[PDB]
Structures are given as C-alpha cells and as structure tokens.
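**Student:** Place chain B with the ligands on chain A using the hints.
Each chain is listed here by its residues.
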Amino acid sequence: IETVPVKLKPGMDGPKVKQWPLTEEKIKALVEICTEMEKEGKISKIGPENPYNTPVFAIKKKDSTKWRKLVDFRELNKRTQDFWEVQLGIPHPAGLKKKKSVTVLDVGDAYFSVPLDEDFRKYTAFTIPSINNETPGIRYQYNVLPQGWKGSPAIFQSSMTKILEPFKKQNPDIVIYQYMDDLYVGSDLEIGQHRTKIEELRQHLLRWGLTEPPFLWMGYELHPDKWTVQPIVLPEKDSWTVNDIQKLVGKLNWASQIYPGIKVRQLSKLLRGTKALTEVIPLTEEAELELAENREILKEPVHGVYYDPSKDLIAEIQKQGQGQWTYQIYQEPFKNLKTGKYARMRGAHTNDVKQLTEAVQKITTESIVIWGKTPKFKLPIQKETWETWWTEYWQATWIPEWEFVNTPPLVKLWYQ
Amino acid sequence: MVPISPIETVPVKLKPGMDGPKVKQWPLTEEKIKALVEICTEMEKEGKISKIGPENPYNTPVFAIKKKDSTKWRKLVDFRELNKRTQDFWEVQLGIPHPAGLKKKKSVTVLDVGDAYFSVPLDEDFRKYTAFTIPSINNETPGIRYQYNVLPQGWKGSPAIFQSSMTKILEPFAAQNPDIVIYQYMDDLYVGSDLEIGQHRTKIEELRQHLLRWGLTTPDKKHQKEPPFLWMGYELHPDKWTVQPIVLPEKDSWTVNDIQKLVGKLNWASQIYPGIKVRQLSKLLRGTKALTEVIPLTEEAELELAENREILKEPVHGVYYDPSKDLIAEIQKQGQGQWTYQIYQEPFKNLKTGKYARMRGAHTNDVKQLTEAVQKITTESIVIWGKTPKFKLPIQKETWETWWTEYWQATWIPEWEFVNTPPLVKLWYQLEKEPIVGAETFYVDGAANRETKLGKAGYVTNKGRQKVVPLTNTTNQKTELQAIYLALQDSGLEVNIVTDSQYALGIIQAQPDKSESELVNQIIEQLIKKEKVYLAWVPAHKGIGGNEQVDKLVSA
Ligand SMILES: CN(CC(=O)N1CCCc2ccccc21)Cc1nc(=O)c2ccccc2[nH]1
Ligand SMILES: CN(CC(=O)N1CCCc2ccccc21)Cc1nc(=O)c2ccccc2[nH]1
Numbered sequence: 001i002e003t004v005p006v007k008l009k010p011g012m013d014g015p016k017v018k019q020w021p022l023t024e025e026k027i028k029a030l031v032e033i034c035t036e037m038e039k040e041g042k043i044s045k046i047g048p049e050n051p052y053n054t055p056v057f058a059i060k061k062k063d064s065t066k067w068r069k070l071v072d073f074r075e076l077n078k079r080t081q082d083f084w085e086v087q088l089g090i091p092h093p094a095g096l097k098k099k100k101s102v103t104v105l106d107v108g109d110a111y112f113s114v115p116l117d118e119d120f121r122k123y124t125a126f127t128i129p130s131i132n133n134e135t136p137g138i139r140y141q142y143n144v145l146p147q148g149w150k151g152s153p154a155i156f157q158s159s160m161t162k163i164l165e166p167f168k169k170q171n172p173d174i175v176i177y178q179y180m181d182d183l184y185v186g187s188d189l190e191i192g193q194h195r196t197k198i199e200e201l202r203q204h205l206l207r208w209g210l211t212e213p214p215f216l217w218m219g220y221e222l223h224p225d226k227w228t229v230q231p232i233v234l235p236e237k238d239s240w241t242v243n244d245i246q247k248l249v250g251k252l253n254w255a256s257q258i259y260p261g262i263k264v265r266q267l268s269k270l271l272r273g274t275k276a277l278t279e280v281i282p283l284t285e286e287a288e289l290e291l292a293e294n295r296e297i298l299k300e301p302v303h304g305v306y307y308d309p310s311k312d313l314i315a316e317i318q319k320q321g322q323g324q325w326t327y328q329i330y331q332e333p334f335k336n337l338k339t340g341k342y343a344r345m346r347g348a349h350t351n352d353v354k355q356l357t358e359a360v361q362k363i364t365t366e367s368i369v370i371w372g373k374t375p376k377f378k379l380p381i382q383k384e385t386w387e388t389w390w391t392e393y394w395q396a397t398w399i400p401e402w403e404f405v406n407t408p409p410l411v412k413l414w415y416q
Numbered sequence: 001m002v003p004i005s006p007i008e009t010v011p012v013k014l015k016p017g018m019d020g021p022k023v024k025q026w027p028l029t030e031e032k033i034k035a036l037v038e039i040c041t042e043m044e045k046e047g048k049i050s051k052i053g054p055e056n057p058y059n060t061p062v063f064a065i066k067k068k069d070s071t072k073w074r075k076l077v078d079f080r081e082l083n084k085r086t087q088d089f090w091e092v093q094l095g096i097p098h099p100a101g102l103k104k105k106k107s108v109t110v111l112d113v114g115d116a117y118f119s120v121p122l123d124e125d126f127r128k129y130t131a132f133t134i135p136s137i138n139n140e141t142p143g144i145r146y147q148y149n150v151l152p153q154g155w156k157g158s159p160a161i162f163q164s165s166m167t168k169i170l171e172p173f174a175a176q177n178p179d180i181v182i183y184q185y186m187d188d189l190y191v192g193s194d195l196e197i198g199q200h201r202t203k204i205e206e207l208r209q210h211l212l213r214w215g216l217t218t219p220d221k222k223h224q225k226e227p228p229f230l231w232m233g234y235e236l237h238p239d240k241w242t243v244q245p246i247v248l249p250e251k252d253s254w255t256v257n258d259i260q261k262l263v264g265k266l267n268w269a270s271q272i273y274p275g276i277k278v279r280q281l282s283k284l285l286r287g288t289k290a291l292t293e294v295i296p297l298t299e300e301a302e303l304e305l306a307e308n309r310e311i312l313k314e315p316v317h318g319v320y321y322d323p324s325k326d327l328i329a330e331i332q333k334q335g336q337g338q339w340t341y342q343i344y345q346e347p348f349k350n351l352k353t354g355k356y357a358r359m360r361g362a363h364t365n366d367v368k369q370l371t372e373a374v375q376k377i378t379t380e381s382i383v384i385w386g387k388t389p390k391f392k393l394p395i396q397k398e399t400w401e402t403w404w405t406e407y408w409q410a411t412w413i414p415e416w417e418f419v420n421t422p423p424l425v426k427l428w429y430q431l432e433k434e435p436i437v438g439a440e441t442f443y444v445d446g447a448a449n450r451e452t453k454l455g456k457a458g459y460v461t462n463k464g465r466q467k468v469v470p471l472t473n474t475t476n477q478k479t480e481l482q483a484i485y486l487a488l489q490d491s492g493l494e495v496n497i498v499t500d501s502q503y504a505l506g507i508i509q510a511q512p513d514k515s516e517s518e519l520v521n522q523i524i525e526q527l528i529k530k531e532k533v534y535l536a537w538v539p540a541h542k543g544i545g546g547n548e549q550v551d552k553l554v555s556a
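Here the protein sequences line up with chains A and B, keeping their order.
Sequential numbering from 1 applies to the first sequence in this note's numbering.
Sequential numbering from 1 applies to the second sequence in this note's numbering.
Bound conformation, chain A alone:
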C-alpha cells in the first residue's frame, strides 16, 4: 500500500520507443480495455510533458476468446534498476525442470492491487494509436505495477511469499517458481489429482484479491522430464553410396569441433578415386571400426559444458521443412546446454512465421524453466518479414530478444 522506491540504472533516461502500427480491431480492443482500467484507477491519462513511450499491442491467450493488453517493456526492463535490495536473487530452482509436470498460471492480475511509485509512473507511458493519425494517440501511464515489467514480480514478491506460505508447508515437495506474470508449479504427482491441486491454488488468489482477474483460471501443462534432446546420430546402412559417405564424413567433421576424438580417415579413404555419387562403396574393416568408435564417442556428453549466469543464453533455430524445426541453446559455441526438435505446431501449417513464432515461445518457456531467464534468438527469417507478422501469433506475456540470420548455415543438414 506504501510504494517501494524505484529508479532507473545510472546515466540512462526513460524509454522512448515508437508505437508500431496496429489493426483497427486491436485498437478498439485496447480502447475498450484501457477505458475500464482507467475506471479501476490502474492507469491515468497523461499530458505532453511526458516524452516517454513504450509500445503496446493486443493478443489472445491460448484457448481464449477475449483480447488481452500486452505492453513491450523490453526497453524499460533493460533500463530499470536490478532489484537486488532484499535478495541478490532466488537461486533458480534446479528441481523445477526435473518435475514430471509443471503448470503455468497467469497471476499477473495480482500486480494491479499494488500501487506504483509516483516518481516512476511516467516511465510506463504508452500510446494507443489512431488509424491514419486522424485523432491524437491516447496517452496513458500506469498507477500500479504493470504486467511485463521486471520490477513488478520483484516488488510483489513479498506479498506473494506470504500468500504461498501456508501452501509450501503442507506441500513441501512442490517446486514453485515465478517469472514475470507467470507462476510455474511443478510436481511428480499423477495428472488428474495434480490438476485439481492446481485448482486449489487459484482459490488462494481469489480470496486475497477481494480484500475478478481476467486471465487466472487458465493453465499450461508441461512435462520437462519428458522433453527430448538430440544426441548426434549416424546412419546404420548395409549399403553405402559415395554420396552417403560424403555426407557422413561431412557430419563427422562438424561433430569433431564438438567431440575431441572423431576420426574421418579410414572413411575418407573409401572416397579414393573419382566416382559416381550413386555408386555403392563397400566399407573396409578399418572404416567400420572408425565409424563404430565415432558412435561410442558421440554417445557420451560434451566435455566442459557448464552454465554461466553472467552470460547470455543464445538460441538458434533451423527450419527443417514439413513443419519440423530444430533448435540449440548455448552460451558458448559447440557447447550446447540444450538441443531439441519440434514437429507439432498446431493449426500452423501453411504459415512458416506462425510456426516460428510458436517455436520461439516454446524455447523461451523451456529456458525460463531450466535457467530462469530468456535466451537471445537467432531467427532464420528476414527482419522485415518477422517484424511485420510476429505480434499476430504471439501468445506470451513476456518477449525475448532476437536477431536475424541472413546467410543459410551449412549445419542445418547436421541437425536434420
């Protein structure tokens, strides 16, 4: 009820970020949403004396019929003080990713009950644009902790810890993690009763709220114990063409950067001569040995692979065709913290961008669970194409950082 003092990092001003164009329907939704928020005291109209701006848009959450307001606080979040005051930080729970089932709740509405520091409110300024600039953009700022702001969970953490307090006591085995507006609840329990337990949690937030949140009943069911990774695998053939062998040697040469003892020589020696690509080459016993030794090597994990919290997580994505995507997560090249693959994008087929966008969201979710933060993406898409379409497919309350890959990587084949 009394504000916690909040400031920007030294030497940097508040965000000034251009609002990007919005469709008519997203504009109407925001006008409708912001009008109510204004009546609830959550936001207030602002004057020209506030130069600051942060982009806003509207989305529809998974399995929902109604618009939600999403603010992109990425610029503000970079510029806001790290709140290390009470705690350096939570050590990220390692047990969350080892849980059979993890459920993701939107608790974000809980933030709206806590007022925002008066001096800091101007930095939350955002603009509802008008079609064809026919009317002035409608300018608001936040009076309370905004969703998507890095300071919101940090500040509200006090209240949150007391609310969950009775809960961890009778359920000490449950791992609970908070990231932004999301609450991640893991357990090793069977699903049916796990689901009901989740329902129990929702009731806690209700009773405290009235002393009704638009998004709270939803949940996102995950199974991190069941997430599959991708060791390097080599073909097993009775018949090897010259082409087959060239690709193998190519794949082994690439893996050799990652794995120390990979040998291509006895395999390379089969390539002796100038031969038709489709000609079948019998494997020599030297070659079969070398191929077999390489398999053993590839079965072991990479050596000297560790996570450094002081460094960025980098996620790379390859489009493999037929709705299949591959990705790797690493801080350092050739040391992968995680690799994975996705064939399942839901009703997304004819749209590559929609598939990519969903892929990015899943990879970020997994990254939030494992390390407690978001990776920086390298996207196999032209900037202008991505920047045009991604807001149309975006279902998450947070947003990661991304860069674009303009040169097709050779390595896409090796993850194929």
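Worth double-checking, as some hints may not be accurate.
Claimed, not checked - Quick list of in silico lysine-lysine cross-link-like pairs, BS3-like style, CA-CA up to 30 angstroms:
no., chain 1, residue 1, chain 2, residue 2
1, B, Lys376, A, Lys16
2, A, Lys60, A, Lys247
3, A, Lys62, B, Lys390
4, A, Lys247, A, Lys378
5, B, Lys168, B, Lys105
6, B, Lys51, B, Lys75
7, A, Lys66, B, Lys387
8, B, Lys156, A, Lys16
9, B, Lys387, A, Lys45
10, A, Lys7, A, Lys122
11, B, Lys51, B, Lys13
12, A, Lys66, B, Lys325
In short, the hints are calculated from the structure, not lab data.
**Tutor:** Showing chain B with the ligands alone in chain A's frame:
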C-alpha cells in the same frame, strides 16, 4: 460577465542540470524600439505578457522585422537558446493523415483557432524563463522587462501543449457528437459530417458555443476558400484527391540539384501516378557529394524520364476510403529491382499508388523482392486503413508453394490471388534434393596465389573427363565459382557437382536469380539451361578422392 473555465496548465521543466537562458539583448534602432513598446503595451493589456522586476536574471533577445513595401512592424523573439534548454515533449503531430485514408464527407467546415491559441496559459513556474528586454532609447534608462503568461510563438513546447489542450477541450463534444469528425492541424480545425448542410451548420454553431465556455473564438464571417483545399502538398476535393500539380522541367543540362528536386517531385507524385521510376535518376547520386556538379544523363535514364512524363501527361486522382468495401493491392514488376503498386476498392479507381525498390546487396531474386514489397504495403496499409489488403500478385500459386516449402528461411505473405499480367515472377532453377542416377559426377576445385593473384579452376569426373584452366587476377573465392561454372558448361542436361566451397554453396543456397557478380550471373544462366543439377558439399583436405585429385591439380 460570463464565467469561463480556465485551461488546465501543463507543468513544464528545464532539462536536468540546465538553467534558463541568459542572452544579450541586441541593440535596436530608435524606430524599432517604439514599435516593440507599442506592441508589448497592447499585448500586456490583453494579458499575454507581464512586466517583471529586476530580480529575474533570465533574458531572451527580441527583434523587430519589416514586412515588405511598408510602414508596419512585427515582433520576433528568438527562443533558440531557451528551446535548447527546454525538456522534450510528446509530439502528437508526427504523422499527418494520408488523404487515401480519409472519408468522403457531405459537408466540411474549417475553423480558425488563432485567437484561441493565446488563451492557453503557460506554467507559472516556467514563465520566468521567457523573460525578454526592450532596449531603452539611447540606453539612458533601464530597458523594459517582460515575461510571457501564455504559450510564446516559436517556443519548443507551444505546439504540443496547444494541441493537447485543444484536444482535451474537444473530447466531450466529439464523444457526444459521434455523427461528426474533428481533426486539428496547426491553426485550423477541420469538422466534417454527412449531415445535410443545415444540421451541419447547427453543429458547427454548437461547437463554436462549446469552445466559448473556455472563452474561445472562431471567426463568424466565412473564410473565403472553397474546395479544392491546398493542404500539405495535396489537392482535396469532395469526391477525390491528388497531389498538387507536378510539372517536370525541360532542361539542356541537369545538376545534382536539378535531379533532387526531380526525385522529390517523382517520389511525391508516385503516391498517385502509377508506374513512376526513380532508379536511374537516383543512380546519378552514387558516392557523389559535390552539389553543383552537372552529371551527363545516360540514355537509359532518358527513356525513364520520357516514360515518366508520358505517365504525367494528364492529371490522375485517387478516391477516398469506403470502409464497407474490401481493400485490394496489386503489384507489378518493372525491372531493375523496381516494383510498383496500386491500392484500390473498386476497379480503375485507386486510393493510392506507390513503388518499392530492391535493397542493396550482392545477390537477389524476384520472389524475395516481391515478398519485401508485400510487407511494406502491408505495413503502409495498417497505418492508413487499419487493415491488410487482399493482394493480387503476378506469381503462380504453385511457384509460391514450391518456393516457401524449399526455402531455408521462414517466409509468409498474407491472403493473395494470382493475377496474370506479365512479367510473371517465377523460379528460374531448383536444385535436386538427392544425387542423380546416370548423371555424370563432376568434382570441382579452384585455388589462387594470394601474392601473385594467379590461380586455377577445373574438375575431374567419373567418366575420366577433366579440365584445368589457368587464371590471372583472381582469388580463392573466384576460382571456386569458376570451377563450378566450368562443370556446368561442360556437362549434359543432368549433372552432379561436388565442391568443397562453403562460399559457393552459401551463394547458391540463397537462390539468386541475378547478381552483382558477373561470375555468379553466368552460373545462374547455366543452371537455367539444366534439366537437373545436384550440388554436394564436402569438407576440403580430408583426402576425399577426386576432390583431393582436383585440389592437387589446381594448387600447382
Ligand atoms: C474531403 N475530406 C477531407 C477535407 O475536406 N479536409 C479539409 C481540409 C484539409 C484536410 C486535412 C485533413 C483531413 C481532412 C481535410 C472530408 C473529411 N474526411 C474525413 O475523414 C475527416 C475526418 C476528420 C475531420 C475532417 C474530415 N474531413
Ligand atoms: C545444394 N544442397 C541443398 C540446396 O541448397 N538445394 C537443394 C534442394 C532444393 C534447392 C532449391 C534451390 C536452391 C538450392 C536447393 C544439396 C546438398 N547435398 C548434399 O549431398 C550435401 C552434402 C554436404 C553438405 C551440403 C550438401 N547439400
């Protein structure tokens, strides 16, 4: 006395760490001083300014300027220093509406808010920063000191505060009269509606009445202007719009100045006149900074210019936007990385037009450019109409499907239909996914000496066919492409090519149909003639046979 509501004051601050301006007052002529004193005296009576004590340390220079052929004076305050020290404001005036997004209105009235401007008070604590001094006659008395009580003309914050104040006043009136629309531009208000002129004039009077509650005045006797309106470089008529007339000069010689007015005129006209091309005229500015220089006009640009004037031969108009109808966009390929488009609702009536130009780069293809142009048009349409148009594109459905399924990058274009107006965008070649049975296999390599720039390129094949060619003034990358070129040159309609070049493969995997590299363009021309091409990559120096052999052959 009828009590009037005060206009809410906007709090203003100087930039952090900065103080107000202190600037010397210029000496003025005796005749000038008399003028300024007269002006300031009435301005003081009106409440616009106030005399101040000696304690205000701040000063801003004041000038008097002579309007031509005449006796009469205008007062000018130079706020350049105060503006440097004034905080940033939100500028709502960024985007202007585009006529193509405006709606037909049966009636439109224009109101002059000039007098309403000075009823907008300036923040009390900020007034001291506006202090200025009228020099005394012969400097024999202390100069007269004034400060502003209202938004000074020429100050950084005046326009944004003014418009934001006006907007806040207008809000309830607009909200309770949804059947009219109001837009504010500078000193004017544009109030349109579809009401009959009688009911419309009523609502205007109601509006004049509403502004009166804040004491605000709109001129009674109608301004003498009637459609067309000249606004922001446009002509606005009740049923149609276009740009203000574009006249392309006749000139014996063209400088860089000549062409820049010309590119501006052309770019400006391109939003309405279909098929304008600026590339060649823009081409003459490449890496050339001398402004007075006269550049000889290529014949290729002459044809372009003549093509333009023929399009400019007669006036063309756009219509306004009808929300009840669909928005259509059609694209044409003009050649040389140029693209042109029309956006329309009904056939042969354009809302607007435009062009798109290829981004600078080493290699490209028409499908990527078409895709880019679609994104641009998509974005421009969201801005203007708040929605994505349906596209009419000169590319076959099957072509697009083949392209995006095999392209390494994720790509998408929104709802679109094929229109058959040549030239059609197509795929010129597609490489095979698997090696070709029965096709000859060419192992290629190239190498160069970094010092002597001497190199070699060639191939050896499974049929014992071989070539190696000596090269001068070349590089490793160049020799690697030449090798591939030779294999294409010397093979049949179906061929398998093996290379160790990561450079070459990176180029080919980008599927360029045209390049800045003459060598890449020759390779493309060869690819087009092939029935089937399979390109395989191997790592170099791994003792890969026939690759090893040709590597040795080219490194000698
Ligand atoms: C024909 N057309 C435009 C027009 O006459 N003017 C009149 C003056 C120039 C101008 C500048 C911006 C917007 C409209 C106009 C009618 C019209 N159409 C509109 O959609 C509109 C929306 C808000 C306010 C006035 C408006 N007027
Ligand atoms: C050329 N490349 C793929 C490719 O870029 N394709 C092949 C698939 C379709 C296509 C269409 C237009 C342009 C290029 C392409 C085939 C290939 N075949 C290989 O055996 C190979 C072995 C090692 C490393 C890379 C390789 N690449």
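**Student:** Hint compliance check: list the failing hint numbers for this structure, sorted ascending.
**Tutor:** Number 2 only.
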